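J.: Go ahead and model the full structure; you've got the sequences and the hints to work with.
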Amino acid sequence: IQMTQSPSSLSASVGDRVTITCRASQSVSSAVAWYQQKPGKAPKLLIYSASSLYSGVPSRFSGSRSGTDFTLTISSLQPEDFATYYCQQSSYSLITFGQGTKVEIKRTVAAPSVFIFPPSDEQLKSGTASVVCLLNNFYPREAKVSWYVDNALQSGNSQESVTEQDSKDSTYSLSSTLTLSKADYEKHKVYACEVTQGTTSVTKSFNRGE
Amino acid sequence: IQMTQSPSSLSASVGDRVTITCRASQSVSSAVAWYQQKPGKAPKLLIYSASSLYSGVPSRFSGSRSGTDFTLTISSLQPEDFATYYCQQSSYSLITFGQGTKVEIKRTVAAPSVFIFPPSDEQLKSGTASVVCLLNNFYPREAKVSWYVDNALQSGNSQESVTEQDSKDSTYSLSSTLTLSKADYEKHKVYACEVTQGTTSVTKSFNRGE
Amino acid sequence: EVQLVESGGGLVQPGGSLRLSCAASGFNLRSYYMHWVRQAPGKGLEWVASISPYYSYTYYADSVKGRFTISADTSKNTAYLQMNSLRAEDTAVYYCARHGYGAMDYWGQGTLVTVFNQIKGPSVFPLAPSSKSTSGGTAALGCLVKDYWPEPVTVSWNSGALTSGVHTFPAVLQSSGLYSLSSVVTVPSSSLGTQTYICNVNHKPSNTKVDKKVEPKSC
Amino acid sequence: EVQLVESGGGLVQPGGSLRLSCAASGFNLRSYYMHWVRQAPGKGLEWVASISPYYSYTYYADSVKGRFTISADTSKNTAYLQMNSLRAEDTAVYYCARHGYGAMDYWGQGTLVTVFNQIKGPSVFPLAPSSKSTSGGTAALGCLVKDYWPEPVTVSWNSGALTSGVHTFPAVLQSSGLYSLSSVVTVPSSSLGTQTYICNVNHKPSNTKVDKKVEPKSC
Numbered sequence: 002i003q004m005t006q007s008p009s010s011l012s013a014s015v016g017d018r019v020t021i022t023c024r025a026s027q028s029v036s037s038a039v040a041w042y043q044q045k046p047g048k049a050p051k052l053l054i055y056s057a065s066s067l068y069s070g071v072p074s075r076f077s078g079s080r083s084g085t086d087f088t089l090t091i092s093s094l095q096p097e098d099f100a101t102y103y104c105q106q107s108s109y114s115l116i117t118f119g120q121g122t123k124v125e126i127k128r129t130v131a132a133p134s135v136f137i138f139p140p141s142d143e144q145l146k147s148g149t150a151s152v153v154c155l156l157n158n159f160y161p162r163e164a165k166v167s168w169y170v171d172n173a174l175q176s177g178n179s180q181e182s183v184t185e186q187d188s189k190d191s192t193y194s195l196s197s198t199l200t201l202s203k204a205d206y207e208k209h210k211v212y213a214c215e216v217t218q219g220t221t222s223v224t225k226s227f228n229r230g231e
Numbered sequence: 002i003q004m005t006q007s008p009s010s011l012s013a014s015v016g017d018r019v020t021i022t023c024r025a026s027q028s029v036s037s038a039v040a041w042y043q044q045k046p047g048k049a050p051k052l053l054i055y056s057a065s066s067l068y069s070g071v072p074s075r076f077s078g079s080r083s084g085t086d087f088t089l090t091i092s093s094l095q096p097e098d099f100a101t102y103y104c105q106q107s108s109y114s115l116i117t118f119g120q121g122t123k124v125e126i127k128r129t130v131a132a133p134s135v136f137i138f139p140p141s142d143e144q145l146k147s148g149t150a151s152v153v154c155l156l157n158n159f160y161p162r163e164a165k166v167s168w169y170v171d172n173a174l175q176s177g178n179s180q181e182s183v184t185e186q187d188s189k190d191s192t193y194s195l196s197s198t199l200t201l202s203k204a205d206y207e208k209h210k211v212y213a214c215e216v217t218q219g220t221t222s223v224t225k226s227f228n229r230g231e
Numbered sequence: 001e002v003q004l005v006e007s008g009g011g012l013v014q015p016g017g018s019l020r021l022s023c024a025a026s027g028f029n030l035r036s037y038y039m040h041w042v043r044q045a046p047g048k049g050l051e052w053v054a055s056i057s058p059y062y063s064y065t066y067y068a069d070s071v072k074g075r076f077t078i079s080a081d082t083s084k085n086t087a088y089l090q091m092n093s094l095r096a097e098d099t100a101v102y103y104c105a106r107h108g109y113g114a115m116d117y118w119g120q121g122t123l124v125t126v127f128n129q130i131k132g133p134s135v136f137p138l139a140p141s142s143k144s145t146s147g148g149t150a151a152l153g154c155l156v157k158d159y160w161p162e163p164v165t166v167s168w169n170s171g172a173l174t175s176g177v178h179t180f181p182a183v184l185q186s187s188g189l190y191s192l193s194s195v196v197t198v199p200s201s202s203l204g205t206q207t208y209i210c211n212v213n214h215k216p217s218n219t220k221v222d223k224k225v226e227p228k229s230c
Numbered sequence: 001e002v003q004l005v006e007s008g009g011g012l013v014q015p016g017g018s019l020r021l022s023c024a025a026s027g028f029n030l035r036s037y038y039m040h041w042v043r044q045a046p047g048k049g050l051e052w053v054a055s056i057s058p059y062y063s064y065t066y067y068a069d070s071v072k074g075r076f077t078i079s080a081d082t083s084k085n086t087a088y089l090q091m092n093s094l095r096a097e098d099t100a101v102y103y104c105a106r107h108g109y113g114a115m116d117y118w119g120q121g122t123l124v125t126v127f128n129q130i131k132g133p134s135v136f137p138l139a140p141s142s143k144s145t146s147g148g149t150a151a152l153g154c155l156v157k158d159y160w161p162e163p164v165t166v167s168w169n170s171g172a173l174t175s176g177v178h179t180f181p182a183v184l185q186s187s188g189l190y191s192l193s194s195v196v197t198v199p200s201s202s203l204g205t206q207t208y209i210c211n212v213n214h215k216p217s218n219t220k221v222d223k224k225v226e227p228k229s230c
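Chains as they are written, first to last, in the deposited numbering: chain G, 2 to 29, 36 to 57, 65 to 72, 74 to 80, 83 to 109, 114 to 231; chain G', 2 to 29, 36 to 57, 65 to 72, 74 to 80, 83 to 109, 114 to 231; chain A, 1 to 9, 11 to 30, 35 to 59, 62 to 72, 74 to 109, 113 to 230; chain A', 1 to 9, 11 to 30, 35 to 59, 62 to 72, 74 to 109, 113 to 230. A prime marks a further copy of an entry chain.
Take these hints with a grain of salt, some might be off.
Think about it this way: if two alpha-carbon atoms lie no more than 27 Å apart in a straight line, the pair counts; the simulated DSS-like pairs of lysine-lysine are [stated by the list, open to error]:
1) G:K165 <-> A:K143
2) G:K127 <-> A':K72
3) A:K72 <-> G:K208
Here are the computed distance ranges between Cβ atoms for each label pair [what the hints assert, rightly or not]:
4) A:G49 <-> G:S9: 57 to 63 Å
5) G':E97 <-> A:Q120: 16 to 22 Å
6) G':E97 <-> A':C230: 40 to 46 Å
7) A':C230 <-> G':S10: 46 to 52 Å
8) G:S114 <-> A':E97: 27 to 33 Å
9) G:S114 <-> A:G49: 41 to 47 Å
10) A:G49 <-> G':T90: 20 to 26 Å
11) A':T219 <-> G':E163: 35 to 41 Å
Partial list, computed: chain G' residues near chain A' (C-beta under 8 Å) [to be verified]:
12) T184
13) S188
14) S194
These are computed hints drawn from the structure, not numbers from a lab.
Every residue, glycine too, gets a C-beta built ideally from N, C-alpha and C.
T.: Rendered as structure tokens:
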């Protein structure tokens with residue numbers, strides 16, 4: 002039994018109604040359940056028997080069936098509702118899950134508040150220098166962070182981390198950490214972090230000593 | 002219950018009698040067993056009840080006890098008998118093994134027959150060049166292998182492997198493999214392998230092309 | 001012919018769990038005492054545990072007592089060793105052998124059980140707030156959790172009171188094999204002088220909890 | 001409160018073996038259907054196996072049928089999943105969940124089961140014999156087994172006839188993560204022209220057997 006979930010991903014704004022459809026290869036009862044799963048967490052049961067809501071699920076989630086066509090409706094999409102949703106079939114003792122649908126939350130385009138941090142005095146003593154650049158509360162996810170040290174473009178000595186979508190304002194936050202030895206950090210004066218989104222670039226910097 | 006095995010290692014020649022003693026912390036019956044273990048293989052039961067030989071063990076192995086002093090005797094040491102020997106106590114439902122004794126076989130000092138191999142034509146096509154140096158049938162184990170490429174002493178680009186002691190002639194054999202890229206191998210003419218034992222050094226070499 | 005086959009070994014983190022199997026052929030497991042004996046890389050033989058033929064009496068050693077559990081299933085002629093609360097000393101080759109003649116007659120080939128690279132606690136450095144590197148009212152401060160193993164770590168702010176604006180980033184595996192992450196929070200630029208800010212990082216694997224108070228930098 | 005705890009996961014080589022445990026609290030395992042569901046890194050959810058409450064009826068999926077075995081011990085309120093013949097596709101996070109309302116109500120935190128880096132067959136290159144690099148009568152030839160994973164490999168010479176003078180060296184783990192070793196044998200310098208010499212290398216993990224005939228080099 003194959004459950005062809007549709008679509009594979011979507012991007013709707015807050016308040017938009019969301020329709021996730023799960024077509025069944027065969028007519029196999037109403038034993039269809041819906042789940043919500045955020046990154047790093049176990050799935051959460053949303054609706055069982057294809065219509066009845068599990069206890070504690072907000074009313075904005077609802078299930079439907083038309084023959085072999087099962088539907089998940091999110092009436093008023095909340096920013097918290099960003100997750101990957103699955104449809105599961107428990108018939109014929115042959116539990117079958119859907120491919121999955123990733124729900125992202127659309128938003129007005131927002132620029133990041135960029136901050137730069139010199140390495141702490143304590144970390145310098147160990148011999149390693151971590152210079153961190155923070156991109157806070159921006160949309161969309163995509164951006165370009167570039168490191169410059171005395172106007173020399175760095176490459177291969179940085180790592181980036183980005184949060185999941187904020188559950189309130191739908192924005193992203195990114196951190197770019199630049200790691201250098203103490204001798205390398207002491208051998209330069211100006212450290213600049215450059216962030217590029219579309220037609221706008223911002224460069225925040227500090228001079229060692231100031 | 003502690004079984005203090007003595008000695009920890011020994012080096013006797015072929016025909017010499019070998020005495021491995023296993024002192025018992027407490028007087029705990037004759038339930039003492041002896042085992043032989045070669046590298047990479049499970050232990051082999053030699054003697055049980057501290065005197066009786068297991069089926070198939072050669074007669075040159077024998078066990079003895083004097084109070085809390087248990088003895089393993091190898092009457093005529095054969096070159097095959099090189100191994101680590103253990104004494105085990107099975108009393109008080115508290116199975117306790119000895120620290121262990123490594124038996125190596127002494128021999129007349131022998132120089133190695135050194136051979137050098139240029140990388141095969143097939144390996145060159147892949148882009149890697151392995152030049153192998155063979156030190157065959159020498160005693161003792163210790164030696165110094167050094168790689169030279171156009172009289173430049175190589176370091177950090179070689180790996181060495183040495184066999185266990187030969188079960189017949191008691192000698193060792195060693196292989197030193199030098200790994201280079203194809204471009205590096207093609208960029209030099211003379212490859213020399215130098216082996217140093219005591220006051221003697223031998224250098225076997227080949228010229229690329231000849 | 002009497003043959004003993006072993007499997008189930011592998012690599013696990015300190016703690017973890019693992020069950021080995023002594024598959025027996027050529028004899029009946035239920036009519037013999039069976040022993041598990043280990044040998045650490047380069048070290049000597051160490052008795053682990055034993056099991057009685059029919062009464063199923065289990066005997067252990069203090070090294071593993074309370075953490076390992078021996079068992080046997082006569083139906084499959086297979087003995088078992090459930091290793092829990094694994095430590096560094098448990099890294100060894102594990103044999104299973106058959107008792108006989113007051114000794115161990117037949118032996119298996121052995122399976123390797125290795126522990127994962129040692130647990131390491133986190134290093135917390137302040138992401139110091141400033142004034143120039145600061146928007147007019149919006150101020151940013153944070154903590155850098157660096158060189159910790161294994162996952163996870165839990166970062167809270169002001170003992171869980173500060174939640175608004177806190178963004179803890181996913182960990183990144185540095186080339187050193189150790190994990191690193193940062194947690195940041197945006198605060199009023201005015202509060203920088205009055206409200207105290209502490210990052211409460213906890214690493215349950217290492218049973219360590221660091222509380223660093225982020226404070227203005229020094230010129 | 002109903003809580004499900006999972007352990008026993011880790012890293013194993015292709016094949017290997019591993020048993021997971023679904024420790025249950027807040028309810029009785035024997036009165037519920039229990040399901041094991043996996044999710045591959047970045048992929049979707051995949052049902053693995055199920056177990057009946059009292062009749063202990065096991066249900067599996069073709070992906071794991074014949075290789076995995078589900079079980080439960082009512083005494084400990086713990087469900088089990090014995091994974092054998094592990095493959096690359098088995099690399100996933102494994103959850104255990106409780107059936108209810113024709114669905115899975117309660118879920119565990121998950122344990123990671125990862126397969127080890129793919130098996131690789133050996134590359135056999137001739138260690139070509141010569142005349143200059145040769146003592147008067149004593150001649151040396153061999154085979155180079157390079158870039159294979161995992162261990163072991165078995166090198167024989169002339170289908171096991173040639174044994175006198177054969178020295179197969181222990182494998183060395185190259186920086187590439189792959190293993191390499193050589194096997195050599197000393198022969199009469201005269202026989203070089205007549206007696207044919209083949210190294211019979213076998214890698215059971217990869218189910219591969221290479222037979223290379225070492226022969227004089229080319230100028």
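J.: If a hint holds in the structure, say so; if it doesn't, say that too.
T.: Now for the hints, and whether the structure bears them out:
no., hint, result
1, G:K165 <-> A:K143, "23 Å, holds"
2, G:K127 <-> A':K72, "42 Å, violated"
3, A:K72 <-> G:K208, "56 Å, violated"
4, A:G49 <-> G:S9: 57 to 63 Å, "58 Å, holds"
5, G':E97 <-> A:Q120: 16 to 22 Å, "21 Å, holds"
6, G':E97 <-> A':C230: 40 to 46 Å, "43 Å, holds"
7, A':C230 <-> G':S10: 46 to 52 Å, "49 Å, holds"
8, G:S114 <-> A':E97: 27 to 33 Å, "23 Å, violated"
9, G:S114 <-> A:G49: 41 to 47 Å, "53 Å, violated"
10, A:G49 <-> G':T90: 20 to 26 Å, "21 Å, holds"
11, A':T219 <-> G':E163: 35 to 41 Å, "37 Å, holds"
12, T184, "5 Å, holds"
13, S188, "11 Å, violated"
14, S194, "5 Å, holds"
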